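Trainee: Following the hints, position chains I, E, D and A against chain G.
Here are the chains, one letter per residue:
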Amino acid sequence: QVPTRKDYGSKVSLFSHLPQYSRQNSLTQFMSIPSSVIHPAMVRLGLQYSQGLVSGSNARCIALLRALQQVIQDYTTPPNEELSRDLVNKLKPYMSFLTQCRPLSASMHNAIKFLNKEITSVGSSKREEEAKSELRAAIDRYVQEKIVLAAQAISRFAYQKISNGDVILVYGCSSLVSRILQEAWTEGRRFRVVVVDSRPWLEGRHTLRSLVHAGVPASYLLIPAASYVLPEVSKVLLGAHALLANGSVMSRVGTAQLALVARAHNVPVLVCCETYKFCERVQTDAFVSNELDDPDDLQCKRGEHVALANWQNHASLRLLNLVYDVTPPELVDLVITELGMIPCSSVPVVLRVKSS
Amino acid sequence: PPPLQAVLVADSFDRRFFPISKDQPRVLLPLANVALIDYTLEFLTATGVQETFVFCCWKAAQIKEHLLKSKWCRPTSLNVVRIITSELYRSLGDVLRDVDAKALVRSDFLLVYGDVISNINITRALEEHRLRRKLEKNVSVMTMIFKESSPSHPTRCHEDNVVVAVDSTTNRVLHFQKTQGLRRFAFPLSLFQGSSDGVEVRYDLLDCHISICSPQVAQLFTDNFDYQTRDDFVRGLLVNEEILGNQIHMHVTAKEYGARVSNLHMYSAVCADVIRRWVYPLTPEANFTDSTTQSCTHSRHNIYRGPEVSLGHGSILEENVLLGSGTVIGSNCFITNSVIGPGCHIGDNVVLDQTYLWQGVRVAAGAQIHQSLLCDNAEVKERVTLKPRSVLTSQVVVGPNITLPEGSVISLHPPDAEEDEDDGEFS
Amino acid sequence: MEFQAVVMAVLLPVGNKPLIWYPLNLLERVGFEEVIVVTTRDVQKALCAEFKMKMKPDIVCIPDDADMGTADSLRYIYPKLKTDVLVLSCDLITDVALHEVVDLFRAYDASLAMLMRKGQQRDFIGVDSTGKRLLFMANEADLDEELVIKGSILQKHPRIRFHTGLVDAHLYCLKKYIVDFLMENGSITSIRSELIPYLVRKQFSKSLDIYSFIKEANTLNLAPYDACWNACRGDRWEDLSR
Amino acid sequence: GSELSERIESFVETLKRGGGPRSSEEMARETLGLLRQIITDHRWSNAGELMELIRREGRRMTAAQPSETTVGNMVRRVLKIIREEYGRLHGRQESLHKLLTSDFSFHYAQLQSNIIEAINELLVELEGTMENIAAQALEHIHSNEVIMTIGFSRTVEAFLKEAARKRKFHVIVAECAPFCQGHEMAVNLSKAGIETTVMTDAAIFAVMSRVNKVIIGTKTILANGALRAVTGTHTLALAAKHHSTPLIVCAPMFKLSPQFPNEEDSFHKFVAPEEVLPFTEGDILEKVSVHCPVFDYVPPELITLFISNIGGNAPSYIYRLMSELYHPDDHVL
Amino acid sequence: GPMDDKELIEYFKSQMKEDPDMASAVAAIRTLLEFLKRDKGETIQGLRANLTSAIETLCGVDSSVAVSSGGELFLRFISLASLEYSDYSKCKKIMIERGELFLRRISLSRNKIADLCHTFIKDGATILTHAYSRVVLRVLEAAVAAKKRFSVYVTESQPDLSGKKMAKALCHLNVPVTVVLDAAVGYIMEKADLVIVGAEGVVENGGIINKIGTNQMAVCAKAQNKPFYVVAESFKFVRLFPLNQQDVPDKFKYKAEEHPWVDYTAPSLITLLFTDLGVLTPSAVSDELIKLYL
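Protein chains in written order, with the entry's author numbering: chain G, 166 to 521; chain I, 40 to 466; chain E, 1 to 10, 27 to 136, 154 to 238, 259 to 295; chain D, 8 to 99, 106 to 115, 121 to 351; chain A, -1 to 254, 268 to 305.
The following block holds chain G by itself, in its conformation from the complex:
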């Protein structure tokens, strides 16, 4: 079957319950070519997941759904079996392999849940090709409704909260935030954007380029200097990777930092998130559930030498590369979803109305 990926380096004791891998190490070196245990589409998807070729939550969900559509297209039913059970049982090893390549995000988890519910709902009397076409159409409709129309509705809602001459602070890279700002500029709002970035990913640069290509004035700085720039900031617009049932915002590490500093500077905090990223689970801190990236990414060339080179030689030295953090609901003023403008405490309510 699929071998288990080996943990890389020594982990902090508080984070010893989480996996930590090496970017260079790949699971496919011990896997057969051509791929037989794992579908080739899933092999390629896991390869680009582990190497970080696709990183955004929406991008990861879209790529996963495209690979799943390819798998459904290539799938055939075995004799004396039903698709509703065989497909569900067959998809699980692929998702385990994907998790081994990189831990699944909340959007991908929700997509997996939706697809499993759709496949289980397939009738036994349904024909094979009819069922496959219906599954592919359902995946396409899910992508459409949960991404494109949701983003358009969120942009329309957020247009009302952007006025002429205000300063908006953004963090990292978020497709929803970039689209919101681009359409707000297009409809005639005149403003400037402040971009905050953090090491080692430096994803915010991406957004910066987009703004430069949209004509929107922009500024760039790192997270430690955020407290310097918030006095001139009027609103803070933050993207979210997940919304938890208690109203907490699970996002890129440093988001709760910006929310806290904005509260200290009396700046309202706005969070935009599609309802398909809402999660029923709860989380009070960043230690119980998180992702450990490659520690070697923390090495930086300052001057002529790298201080963290060969850091594993020191027995007591540890390198922590946290991926996500949790912002408590008391630090968020407003959540903008395709359903409208709601408080954080209204997050479970949406979870109640989407399910039934």
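Calculated directly from the structure, the hints in this document are not laboratory data.
Treat the hints with care, since some could be wrong.
[Unchecked claim] Which chain G residues face chain D? A few, computed with CB under 10 Å, are given here: (1) 191; (2) 192; (3) 356; (4) 360; (5) 365; (6) 385; (7) 398; (8) 420; (9) 424; (10) 425; (11) 472; (12) 476; (13) 480; (14) 485.
Built from N, CA and C at the ideal position, the CB exists for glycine as well.
Mentor: Quick look at chains I, E, D and A alone, frame taken from chain G:
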């Protein structure tokens, strides 16, 4: 080691700054209210140069007068500045031939132009050059300095764009050419005959116009009387590798800044970089020239304000604005990305965007100036709009109720100026 | 089935084991179970009879014509091709981990991936800073003593690493539409000398990508017998593990 | 004379161009030596001329680099020492007592010797500051504690190294981006056997819930107890205050500046944008404003304790210490 | 149409004046229902447009948040009725009867709030109120009818001294009351045990829109750990999300140097809300508004 010397060429033998350069030499042009030669001298002094030779031919009297009044000519300066003036100078090759004839340089000097803005420390480059001289019996003669940049940066002007082919292992320059109006680049395979590995083609280099040379460079310039510029010497040395190889190396910097002001586009880009603190610690508020008239205070959004400015009510300075001492600003003005010299007078409801105003400029109310340059004591009347890329030189007065075209150059000299004028654009 | 193994032969067993066995063995250990071999017929189409005595898992042999090129022989077996093709030659004797090449075809959705090795009419190989993306493909035959690079290529990639002495392994991962174009345009005769340079040139003008893996451990012995001894000199070195 | 002028010019140029003395204690020692040489070599008759000369020199050095408050602190300390010696040799603070119950032109031959010996005593006390601060490490660190640090502070490094000789604890170091000097602190602490963690500033809040106390250094201490620290320290202080985590500032007494946070636009040190956004970005650099402040302002209400060579103090007492070191007339300088 | 703007305003003012006890929102809803009664239309699109224009005119008559909230609630009621019945003729009668029942319920809402809220006042308590509020007056009446003894502090409400009116109305039923300045809320906060105020409008996130002195009163109550109770009717639930004080629409601040008439109070400064739906946390208002609009 022997004391580090430097050869400073205070004459731009090209003619890219006409008609602006007729009255004032290019080396004395104010970029951010400070002359370019001041930036070059500060860069040379900061990097450890103890002796600087200044060669000026065109308008050398003004250059000498300005230099004798500067900080670097004081007895307390650690970089002694010497002035050598000759009216027979026609190119950099002539200057280097004169240096070789007078034997001014003893060993491992620095070659740079008078319009170079930089904060580069060449100590590592100097050490590498000296080590490769000692190891390889003085075969190497020149190490050029390049800045790791991108082809799309504003500082990468088309005229001075360069593409190079080097040996990655030893940083040896194998091929060197300019990309002026070329869609294809040809590289002979003769360099590939040197070795099967190490050949790398680089187009991400910005020519800082800084070199670490040897007296052998001056000797070679003397031997080849046809050598006029540095490019001629580099190309002649590279093509004639069969006999007396005399390898040329290079050094690339990624954290420091270096550029040359060779045209108006480069002037604008370098001024924007200086205002935005890209050449730190060479910043307007640092006052690296010890003069009381150029002092200023730095404030949020890169706003530099000099003494006794008295900004008018309702006027807004958005960002990247430098104000000279004594400048007076009217009411309901809008200045952005602009440098204004000392003693300027600005009317009301005037919008300045990406403009450069030198000392003595008076602007009437209601003017709209975008991406334009105004020289000493220039005048602008009421209801005057300047389109981008306009130049006014040496006390030009522009009449009211007109709109200049984009590429409008006006100077008191008839022929060179495209639209010669005295008090208006209509004859 | 992301790959179909295909072997070109247009070979005489010069070694301890038959020369064709080593590529077959490599494909067998890497995970392949169905292999397609095109055997020479210029002298005698008896290579199928010779290979019928082998103990490999599964082989499908097809006799070629009197004279044909590599691309022509690829066109010969088009009905037998349904997915991306892993094209190899009988002369390959290496201990490469094929995932070092196949991954380049997987992660980047490459149009073509190739394997080359450091050396002991030269070929000019131009790669990018990462050393994986192939930007330039040249041979001295087509150059008039001047190597020409387009300005847009340097605009997109301002650093090009040039290799002069490098040995191609003739191991190729090719997409289906590459073979479709090969049949559409019959001008191409050999994949090694025309098709790959054509793809590298078409890389910069629906996106086309070329990737190459550079190795520094072992390579295949060339067709000339001069290197035939050298492979033997390494054969016993590599026969212990394999 | 000439040598003193060359030394002064070299010091001013080094301050203007950066670099020079990496250690703050080394810079204070060099400033004290320069002031001693000025007093010895330059000719003066009475205390007024000496005070004016010292004021001019201190003004020049402060204008050379306003962010380096140690030079101005040394100048004001020397001025206060001169005032104290003159008052002791000639005669015998603003308060309600002084308000209710109700001339430096005189010359004395032995005043210069008293000034020089007082300066020498100040230097001697300066030499032993780090050990004095580190001797209090055991009173503030218990077994199996978790300590959070930012950047590279030599005083905090000595504190932790002295504490580790007898107690076992964990230290978390945040790399003070862009100049990630926290890596050097982390590797130095790991070389001493302390278990250390490396993380970015973006995680400062995230791990703050598992931190027992915060020990940090500072560049300057203001008259109200506020801090001029490395950038990102305000966020760390806010995170510590959110969890009521005690924040300890290990700062020597020579970093106290009688200035107030009223000054603006000169507090933070702005350096080249290359540290934040590289020059290789290209065209987008033409229309993007990049600012890289080096220092941050920390309000006094976010600081729990100040540890100096004289012991531990609350921020609310800082003014009294500032009254004991500097005369109110020398604040403007 | 059948009813003109002039007589629409006249009916609104007459219904307000005839019964001074009835709130502005109830009178506006009654006027809208009367407008629907005599419309002489046959298309639900024209009815919706005419009702929107009537609501615009009524909000132009008086700039209270409650009137706009009632208008939006009426529009949602019309949309729901149209969704239920496709035919306009069958829909109109259903709308009329449902509006009559809605009027009855919004009339009983005040007594429901008083009955559900009077229990939170203890014997010997000190209740702090801000200005005049009929709901607070009815709550205190119900508390007094329960044989409970308590003291009341009111603020004078400087722009228009409605606090004096509230004090007189409370003295009418023999309640020990005191009048303090608007600058004495923080001074008197330590004496009070709990705070009860009215609300002109309940925003989406659970905050309230109220008279200009409400926000500082709530902040002072929070600074001293005092419970802050709000009594408000259901028809004052509005889908508005003000981020700060400046974010409040200008049509509610003025005409009702600079003198705003209303302010916004965040849900974090509110302990509980007493409505005809019951005792709710501020988070329940958002749930109600989400459930109403699908």
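Trainee: All hints are to be evaluated individually against the structure, with a verdict given for each.
Mentor: Hints, one by one, checked against the model:
{"no.": "1", "hint": "191", "result": "violated (25 Å)"}
{"no.": "2", "hint": "192", "result": "violated (27 Å)"}
{"no.": "3", "hint": "356", "result": "violated (14 Å)"}
{"no.": "4", "hint": "360", "result": "holds (8 Å)"}
{"no.": "5", "hint": "365", "result": "holds (7 Å)"}
{"no.": "6", "hint": "385", "result": "holds (5 Å)"}
{"no.": "7", "hint": "398", "result": "violated (13 Å)"}
{"no.": "8", "hint": "420", "result": "holds (9 Å)"}
{"no.": "9", "hint": "424", "result": "holds (9 Å)"}
{"no.": "10", "hint": "425", "result": "holds (6 Å)"}
{"no.": "11", "hint": "472", "result": "holds (4 Å)"}
{"no.": "12", "hint": "476", "result": "holds (7 Å)"}
{"no.": "13", "hint": "480", "result": "holds (8 Å)"}
{"no.": "14", "hint": "485", "result": "holds (5 Å)"}
In terms of the numbered hints stated before, the structure departs from hints 1, 2, 3, 7, listed from lowest to highest.
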